[PDB]
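Shown here: the complex without one of its protein chains, the others still in place.
Letters A, B and C mark the chains as written, and numbering starts fresh at 1 in each.
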Amino acid sequence: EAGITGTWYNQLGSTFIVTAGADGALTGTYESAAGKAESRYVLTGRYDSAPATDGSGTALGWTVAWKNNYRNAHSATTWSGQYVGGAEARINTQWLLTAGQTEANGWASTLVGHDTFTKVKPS
Amino acid sequence: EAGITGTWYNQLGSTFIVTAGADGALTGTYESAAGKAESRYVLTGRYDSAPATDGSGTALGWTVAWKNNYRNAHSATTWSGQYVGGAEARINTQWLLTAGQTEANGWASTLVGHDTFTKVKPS
Amino acid sequence: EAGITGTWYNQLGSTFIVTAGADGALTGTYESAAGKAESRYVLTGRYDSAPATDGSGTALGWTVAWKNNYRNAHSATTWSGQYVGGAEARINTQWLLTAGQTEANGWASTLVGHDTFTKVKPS
Partner (left out) sequence: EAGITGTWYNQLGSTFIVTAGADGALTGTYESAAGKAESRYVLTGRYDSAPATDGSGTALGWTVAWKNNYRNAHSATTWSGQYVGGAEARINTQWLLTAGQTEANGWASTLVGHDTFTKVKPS
């Protein structure tokens, strides 16, 4: 009933596969079409399992650490956003991507951006 | 060996209790001293379980959805940052806090900020 | 030659009117179609007046304080982004919107988002 479980695609062509559990959990895999990434990475997150009923979206977030058996990019992305249902359902997000840095370079550790996920792929 | 498992406190006085699993998982609870929050909330996230050895920090992230048995603030925060070890260990983060909004208000859904966690409480 | 001077429209329908001076200055007016805003506000900013020639965009930023003769929303937005030329020229930005807050509420002062500007209006 949450509308979230399934496969989602962003504007870069990345693939977000997620299960929204009854307890508020998000689990799944992420495959990025961009950056220092190859194949699937574990993700986990949380969502509001009792959202408002006034047309507001459903708040959520998740994390990927960019380490798997094929690569380690010494970094992690978190996406914070909301699911907005309907015939053209979307998950609208903004993200923070932190790379490990020495203390001297810590000020320059974190990229910010935004991803829009839909249930069908962009062309 | 990761240095992450345990209790951490930020500059607001919030309490972050986390277990860093051997597989890269973060699990635990978060108690915020600020905002529309009461008692403990579930968190989950990920960290780089094989960080660089050049003095760089360990990248990580986690999510809290602000729903428990006592409150629902129809929102979720993700923290993205890194752990920096030593005698004054820290987790330096930046966060995104998305609230569910109607489509018309979506542009105004997301707060950004920064939290510094240490192993002893601020005064 | 910079391609920046003129009128630009974002996805909300806001109107950004700017002059890019030879010295790196941006001046102009901003009219927001969203939020606590009415009519035109002063803006000022800066851009890279000698960008790279490898196809990279031109970095820039500007600020609006949301006070004019008709409203005061006790807030300011900064947009940071780049101009990307061509037949479908764009200014791709991300923004930070800070509202004045008491010290206790300072953690919740700042919204983040993203605006895409084009030379013709969205429909």
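As a working rule, a contact is a pair of C-beta atoms (placed from the backbone, for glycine too) under 8 Å apart; a residue touches a chain by one contact, two chains touch by 3 or more.
Student: Can you list the shown chains that the absent chain is in touch with?
Tutor: A, B, C
Student: Which residue, C:17, C:34, C:59 or C:108, contacts the hidden chain when the whole complex is considered?
Tutor: Candidates C:17, C:34, C:59 or C:108; residue touching the omitted chain: C:59.
Student: Looking beyond the chains shown, say which of C:7, C:92 or C:118 touches the absent one.
Tutor: Per the contact definition at the top, the residue touching the missing chain is C:92.
Student: Name, in rising order, the residues on chain B that touch the hidden chain in the full complex.
Tutor: 94, 112-114
Student: Kindly note down the residues of chain A that lie in touch with the hidden chain.
Tutor: Considering the whole complex, chain A reaches the absent chain at 12, 34-35, 96, 107-108, 110-113.
Student: In the complete complex, which positions of chain C touch the hidden chain?
Tutor: Counting over the whole complex, chain C touches the hidden chain at residues 23-26, 42-52, 54-67, 72, 74-82, 84, 92-103, 106, 109-110, 112.
Definition applied: only the chains that are shown with their structure count from here on.
Student: Going by C-alpha centres, which chain would you call the most central?
Tutor: Taking the mean of C-alpha atoms per chain, the most central one is A.
Student: Based only on mean CA positions, could you tell me how far chain A sits from chain B in angstrom?
Tutor: 16
Student: Could you put a whole-Å number on the gap between the CA centroids of chain B and chain C?
Tutor: So the centroids are 31 Å from each other.
Student: Show the residues in chain A shared as contacts by 2 or more other chains, in ascending order.
Tutor: Answer for chain A, listing residues that touch two or more other chains: 94, 112.
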